[PDB]
Structures are given as C-alpha cells and as structure tokens.
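Participant: Now for the letters of each chain:
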Amino acid sequence: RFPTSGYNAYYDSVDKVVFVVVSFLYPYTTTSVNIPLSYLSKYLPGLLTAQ
Amino acid sequence: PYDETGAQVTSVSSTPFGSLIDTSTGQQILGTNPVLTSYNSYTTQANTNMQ
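Residue numbers (the UniProt record's numbering), protein chains in the order written: chain A, 103 to 153; chain B, 154 to 204.
Rather than coming from a laboratory, the hints here were simulated on the basis of the structure. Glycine residues also receive a C-beta, built at the ideal position from the N, C-alpha and C atoms. Heads up, a few of these hints could be off.
As the list claims (entries may be wrong) - Calculated Cβ distances over 10 angstroms to all of chain A for the following chain B residues:
#, residue
1, 161
2, 180
3, 200
Said to hold, decoys possible - Derived DEER-like restraints, expressed as beta-carbon distance ranges:
#, chain 1, residue 1, chain 2, residue 2, range
4, A, 128, B, 156, 49 to 57 angstroms
5, B, 185, A, 146, 42 to 50 angstroms
6, B, 185, A, 132, 16 to 24 angstroms
As the list claims (entries may be wrong) - Far from chain B, some chain A residues (derived; all Cβ distances over 10 angstroms):
#, residue
7, 106
8, 108
9, 112
10, 120
11, 139
Take the sequences, apply the hints, and build the full model.
Facilitator: Okay, structure coming up:
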C-alpha cells in the first residue's frame with residue numbers, strides 16, 4: 103500500500119483522475135526521478151490544460 | 154471600472170482568444186484552430202476562400 107507520509111499523489115482536474123507515478127525497472131527502482139509534463143501528457147492530455 | 158480582486162484598474166487587459174476554454178472539451182483552445190488563424194489573417198482569408 104502507498105505510505106501515509108512521504109508518498110506522492112497527484113490529481114488532474116481536466117482528465118479528473120487521481121494519479122501516482124511509480125518507478126519499477128532499471129535504473130530508477132528506489133531513487134525518485136522527475137517526470138516531464140510534456141511526455142506524461144501523452145497518456146493524459148488534461149495535464150496540458152490544467153496543471 | 155472594477156477588476157478582479159476588487160481592484161479598480163485604469164486600463165483594460167484583453168482576454169486572449171487562444172486562452173478561452175472549450176465548453177464541449179473542458180480545455181483551452183489550441184493555437185492552430187482554424188478560426189484563430191482566420192482571425193489572424195482575416196483580410197487574405199476572406200478574400201481568398203470566401204469563408
């Protein structure tokens with residue numbers, strides 16, 4: 103289960119869904135990485151209109 | 154005339170056409186939508202394509 107402290111949670115009000123990104127495969131497995139908005143917009147267009 | 158945040162502004166700031174949000178989509182209109190380019194080139198556009 104996701105933690106209640108130190109976790110990450112996001113909400114898109116245009117695609118109106120709550121989403122969380124998890125890193126599994128190599129290299130990023132236990133190290134947090136920054137996900138660009140423009141590439142994540144491919145799977146969720148709403149992130150382009152409302153941050 | 155009053156503005157947002159209850160402040161009386163001495164000059165008017167135009168709302169950009171491209172910043173308007175689509176009612177049937179919930180997203181701001183694109184920059185390449187046909188009516189926007191039609192407005193940006195109205196003279197030649199109406200002269201040539203009679204639309």
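Participant: Hint by hint, work out which the structure violates, then give me just those numbers in ascending order.
Facilitator: Checked against the structure, the hints that fail are numbers 2, 5 and 6, while the rest are satisfied.
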